[PDB]
Amino acid sequence: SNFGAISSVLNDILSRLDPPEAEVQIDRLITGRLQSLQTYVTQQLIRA
Amino acid sequence: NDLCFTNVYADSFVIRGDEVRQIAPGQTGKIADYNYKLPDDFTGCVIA
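Quick note, the sequences are listed as chains A and B, same order. PDB author numbering puts the first residue of the first sequence at 968, with every later residue one more than the last. PDB author numbering puts the first residue of the second sequence at 388, with every later residue one more than the last.
Heads up, some of the hints might be wrong.
Estimated spans, in silico, between C-beta atoms of each pair [as the list claims (entries may be wrong)]:
hint, chain 1, residue 1, chain 2, residue 2, range
1, A, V991, B, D398, 21 to 31 Å
2, A, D985, B, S399, 25 to 35 Å
3, A, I993, B, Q414, 15 to 25 Å
4, B, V395, A, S975, 36 to 46 Å
5, A, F970, B, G413, 19 to 29 Å
6, A, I993, B, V433, 25 to 35 Å
7, A, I1013, B, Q414, 18 to 28 Å
8, A, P986, B, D398, 38 to 48 Å
9, A, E990, B, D389, 22 to 32 Å
10, B, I402, A, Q1011, 49 to 59 Å
It should be emphasised that the hints constitute simulated quantities derived from the structure, not laboratory data. Yeah, the Cβ is synthetic: ideal placement off N, Cα and C, and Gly gets one too.
All chains should be built: construct the whole structure from the sequences, respecting the hints.
Okay, here's the thing in structure tokens:
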């Protein structure tokens, strides 16, 4: 998934916006993937 | 007026007026990369 970034793959983000103009993109990627994993673990706990 | 710090540092130099905006973290320019570089995780003030 993308989560509103300009590229889903992280390697593209670091290779186009450098560190100082991409950390927001990594920020969004990290928070989105973390939220997805949180939903997954919650569902897994319910099923368990 | 109501803070304290471990240590205070000052940097003084001479630059052209058109290149004053180059003094900021994450900016790209000849002064930025060959003359004076500022860290991304920086906190300070600019006076000119």
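When the structure is checked against the list of hints, which entries are broken? Sort them ascending. 7, 8
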